[PDB]
Amino acid sequence: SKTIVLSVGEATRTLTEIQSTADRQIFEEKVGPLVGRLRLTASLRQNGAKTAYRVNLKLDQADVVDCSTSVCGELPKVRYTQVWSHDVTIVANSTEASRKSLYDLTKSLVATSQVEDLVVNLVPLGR
Amino acid sequence: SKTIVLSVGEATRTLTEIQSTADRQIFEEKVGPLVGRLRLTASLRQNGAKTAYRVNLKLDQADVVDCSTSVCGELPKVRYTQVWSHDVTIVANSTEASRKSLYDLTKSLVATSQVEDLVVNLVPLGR
Amino acid sequence: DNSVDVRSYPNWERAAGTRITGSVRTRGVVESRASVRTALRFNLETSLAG
RNA sequence: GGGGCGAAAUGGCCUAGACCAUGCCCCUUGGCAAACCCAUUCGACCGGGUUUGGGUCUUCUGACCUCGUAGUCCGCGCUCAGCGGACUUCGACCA
Numbered sequence: 001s002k003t004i005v006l007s008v009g010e011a012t013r014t015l016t017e018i019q020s021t022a023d024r025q026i027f028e029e030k031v032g033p034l035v036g037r038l039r040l041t042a043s044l045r046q047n048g049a050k051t052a053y054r055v056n057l058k059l060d061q062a063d064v065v066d067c068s069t070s071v072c073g074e075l076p077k078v079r080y081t082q083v084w085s086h087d088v089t090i091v092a093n094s095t096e097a098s099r100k101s102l103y104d105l106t107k108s109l110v111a112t113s114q115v116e117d118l119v120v121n122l123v124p125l126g127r
Numbered sequence: 001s002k003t004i005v006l007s008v009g010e011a012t013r014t015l016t017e018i019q020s021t022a023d024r025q026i027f028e029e030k031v032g033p034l035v036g037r038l039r040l041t042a043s044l045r046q047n048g049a050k051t052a053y054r055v056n057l058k059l060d061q062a063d064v065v066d067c068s069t070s071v072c073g074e075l076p077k078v079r080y081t082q083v084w085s086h087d088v089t090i091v092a093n094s095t096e097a098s099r100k101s102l103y104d105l106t107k108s109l110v111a112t113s114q115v116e117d118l119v120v121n122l123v124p125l126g127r
Numbered sequence: 251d252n253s254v255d256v257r258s259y260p261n262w263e264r265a266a267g268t269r270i271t272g273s274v275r276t277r278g279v280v281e282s283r284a285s286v287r288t289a290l291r292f293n294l295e296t297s298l299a300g
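Chains as they are written, first to last, in the deposited numbering: chain ab, 1 to 127; chain 71, 1 to 127; chain M, 251 to 300.
Check before you lean on any hint, since a few could be wrong.
[Stated by the list, open to error] No farther apart than 30 Å at their CA atoms in a straight line, the calculated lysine-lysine pairs in the DSSO-like style are these:
1) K30 (chain 71) with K77 (chain 71)
2) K77 (chain ab) with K58 (chain ab)
3) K2 (chain ab) with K30 (chain 71)
4) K107 (chain 71) with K2 (chain 71)
5) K77 (chain ab) with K30 (chain ab)
6) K30 (chain 71) with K107 (chain 71)
7) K2 (chain 71) with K50 (chain ab)
8) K77 (chain 71) with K50 (chain ab)
9) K2 (chain 71) with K100 (chain ab)
10) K2 (chain 71) with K30 (chain ab)
11) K30 (chain 71) with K107 (chain ab)
12) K30 (chain ab) with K2 (chain ab)
13) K2 (chain 71) with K30 (chain 71)
14) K30 (chain 71) with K50 (chain 71)
15) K58 (chain ab) with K30 (chain 71)
16) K50 (chain 71) with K107 (chain 71)
17) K58 (chain ab) with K100 (chain ab)
18) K2 (chain 71) with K58 (chain 71)
19) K100 (chain ab) with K77 (chain 71)
20) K30 (chain ab) with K107 (chain ab)
21) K107 (chain ab) with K50 (chain ab)
22) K2 (chain 71) with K100 (chain 71)
23) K2 (chain 71) with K2 (chain ab)
24) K2 (chain ab) with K100 (chain ab)
25) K50 (chain 71) with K100 (chain 71)
26) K50 (chain 71) with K50 (chain ab)
27) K58 (chain ab) with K2 (chain 71)
28) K58 (chain ab) with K30 (chain ab)
29) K2 (chain ab) with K77 (chain ab)
30) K77 (chain 71) with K2 (chain 71)
31) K50 (chain ab) with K58 (chain 71)
32) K100 (chain ab) with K50 (chain ab)
33) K100 (chain ab) with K30 (chain 71)
34) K100 (chain 71) with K58 (chain 71)
35) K2 (chain ab) with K107 (chain ab)
36) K107 (chain ab) with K58 (chain ab)
37) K58 (chain 71) with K107 (chain 71)
38) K58 (chain ab) with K2 (chain ab)
39) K58 (chain 71) with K77 (chain 71)
Worth flagging that the hints you see were computed from the coordinates, not collected in a lab.
The task is simple: from the sequences and hints, build the whole structure.
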């Protein structure tokens with residue numbers, strides 16, 4: 001199969017390939033309960049008349065709850081669902097330096113503290 | 001993934017499996033520019049009422065051109081496209097010796113100098 | 251032949267599981283046939299040759 | 001009673017055509033498998049009646065035993081029980 005190791009800071013999570021297919025790659029995290037866990041959908045295709053390409057990356061994670069610790073009967077039930085999709089439209093005949101600069105800019109914007117505040121405190125981005 | 005090594009005489013080319021599917025296998029050659037390269041499409045199926053089978057093999061290769069070496073500005077553009085498809089209709093209940101003889105005859109006809117002249121000089125086969 | 255049950259709203263037994271009260275059935279038969287028709291016109295004539 | 005048919009058997013009409021007469025096709029639903037009761041040679045003897053028949057927790061929605069029905073990836077490995085196992089669905093007194 002295919003294993004992906006993600007470092008959160010103090011622990012390491014492992015995602016395993018489940019549904020190996022060209023037009024749809026489904027990775028699922030293996031920790032405990034398989035239902036309501038971390039899933040990742042990847043897709044790659046073309047467009048128009050063999051001009052550019054199209055890449056789609058979605059990451060879902062639904063929280064679960066259980067009452068068997070106190071209540072005497074409740075199966076693990078999912079609560080909410082989060083969807084974080086992507087869309088990559090990069091042409092083939094481009095520039096490696098430009099692609100590297102764009103990737104570095106995206107990494108910097110992701111690692112910056114403004115997007116973290118926008119996600120947590122729901123404050124619009126503008127510092 | 002699945003690698004195929006082809007010997008041209010002085011160099012070795014490598015084709016990599018990209019779209020692994022039962023009804024359509026797409027092999028792509030990895031050398032440099034992925035767009036406008038060597039591609040191979042393979043397909044296998046049945047026919048009628050479980051009698052014989054059907055195999056299709058197509059090989060495409062589109063040449064590319066670029067002007068960034070002299071001209072200011074020109075993305076790699078494809079020129080012509082070549083299509084070389086096949087069709088194999090061999091029944092299951094046949095003969096191994098007959099199939100081997102047919103394969104040897106096909107290999108001899110391919111390696112002969114008449115088909116090479118027919119391809120290059122466009123002279124009809126008849127020596 | 252076919253059979254389809256009938257269930258009503260929360261009723262009977264002071265329950266609310268949409269219980270079945272009866273059943274309705276339908277019995278029949280299927281048949282195939284073929285036919286041919288033929289049409290012909292004929293012209294008749296007479297004569298008292300002598 | 002409710003329907004069907006001009007087909008299919010013939011007769012009117014009878015290039016053709018569409019309708020007619022007798023005339024021919026179906027429903028009168030059906031089955032539960034168990035446990036107990038009578039008067040007496042004060043049971044042998046056939047026949048009848050009553051309680052149950054996929055089942056419970058809140059059989060309200062919804063779940064917990066069971067299976068049946070499908071679709072999907074599936075393992076060629078990780079887990080003390082182990083194992084071949086996963087997820088989503090519709091049904092469950094019987095023809």
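Verification of the supplied hints:
{"no.": "1", "hint": "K30 (chain 71) with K77 (chain 71)", "in the structure": "holds (18 Å)"}
{"no.": "2", "hint": "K77 (chain ab) with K58 (chain ab)", "in the structure": "holds (23 Å)"}
{"no.": "3", "hint": "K2 (chain ab) with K30 (chain 71)", "in the structure": "holds (22 Å)"}
{"no.": "4", "hint": "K107 (chain 71) with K2 (chain 71)", "in the structure": "holds (24 Å)"}
{"no.": "5", "hint": "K77 (chain ab) with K30 (chain ab)", "in the structure": "holds (18 Å)"}
{"no.": "6", "hint": "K30 (chain 71) with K107 (chain 71)", "in the structure": "holds (27 Å)"}
{"no.": "7", "hint": "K2 (chain 71) with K50 (chain ab)", "in the structure": "holds (24 Å)"}
{"no.": "8", "hint": "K77 (chain 71) with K50 (chain ab)", "in the structure": "holds (11 Å)"}
{"no.": "9", "hint": "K2 (chain 71) with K100 (chain ab)", "in the structure": "holds (29 Å)"}
{"no.": "10", "hint": "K2 (chain 71) with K30 (chain ab)", "in the structure": "holds (27 Å)"}
{"no.": "11", "hint": "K30 (chain 71) with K107 (chain ab)", "in the structure": "holds (28 Å)"}
{"no.": "12", "hint": "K30 (chain ab) with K2 (chain ab)", "in the structure": "holds (12 Å)"}
{"no.": "13", "hint": "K2 (chain 71) with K30 (chain 71)", "in the structure": "holds (12 Å)"}
{"no.": "14", "hint": "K30 (chain 71) with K50 (chain 71)", "in the structure": "violated (38 Å)"}
{"no.": "15", "hint": "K58 (chain ab) with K30 (chain 71)", "in the structure": "holds (28 Å)"}
{"no.": "16", "hint": "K50 (chain 71) with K107 (chain 71)", "in the structure": "holds (29 Å)"}
{"no.": "17", "hint": "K58 (chain ab) with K100 (chain ab)", "in the structure": "holds (22 Å)"}
{"no.": "18", "hint": "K2 (chain 71) with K58 (chain 71)", "in the structure": "holds (18 Å)"}
{"no.": "19", "hint": "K100 (chain ab) with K77 (chain 71)", "in the structure": "holds (23 Å)"}
{"no.": "20", "hint": "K30 (chain ab) with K107 (chain ab)", "in the structure": "holds (27 Å)"}
{"no.": "21", "hint": "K107 (chain ab) with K50 (chain ab)", "in the structure": "holds (29 Å)"}
{"no.": "22", "hint": "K2 (chain 71) with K100 (chain 71)", "in the structure": "holds (26 Å)"}
{"no.": "23", "hint": "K2 (chain 71) with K2 (chain ab)", "in the structure": "holds (16 Å)"}
{"no.": "24", "hint": "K2 (chain ab) with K100 (chain ab)", "in the structure": "holds (26 Å)"}
{"no.": "25", "hint": "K50 (chain 71) with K100 (chain 71)", "in the structure": "holds (23 Å)"}
{"no.": "26", "hint": "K50 (chain 71) with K50 (chain ab)", "in the structure": "violated (37 Å)"}
{"no.": "27", "hint": "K58 (chain ab) with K2 (chain 71)", "in the structure": "holds (27 Å)"}
{"no.": "28", "hint": "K58 (chain ab) with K30 (chain ab)", "in the structure": "holds (18 Å)"}
{"no.": "29", "hint": "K2 (chain ab) with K77 (chain ab)", "in the structure": "holds (29 Å)"}
{"no.": "30", "hint": "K77 (chain 71) with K2 (chain 71)", "in the structure": "holds (29 Å)"}
{"no.": "31", "hint": "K50 (chain ab) with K58 (chain 71)", "in the structure": "holds (18 Å)"}
{"no.": "32", "hint": "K100 (chain ab) with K50 (chain ab)", "in the structure": "holds (23 Å)"}
{"no.": "33", "hint": "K100 (chain ab) with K30 (chain 71)", "in the structure": "holds (21 Å)"}
{"no.": "34", "hint": "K100 (chain 71) with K58 (chain 71)", "in the structure": "holds (22 Å)"}
{"no.": "35", "hint": "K2 (chain ab) with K107 (chain ab)", "in the structure": "holds (24 Å)"}
{"no.": "36", "hint": "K107 (chain ab) with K58 (chain ab)", "in the structure": "holds (17 Å)"}
{"no.": "37", "hint": "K58 (chain 71) with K107 (chain 71)", "in the structure": "holds (17 Å)"}
{"no.": "38", "hint": "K58 (chain ab) with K2 (chain ab)", "in the structure": "holds (18 Å)"}
{"no.": "39", "hint": "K58 (chain 71) with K77 (chain 71)", "in the structure": "holds (23 Å)"}
Checked against the numbered hints above, the structure breaks hints 14 and 26 and satisfies the rest.
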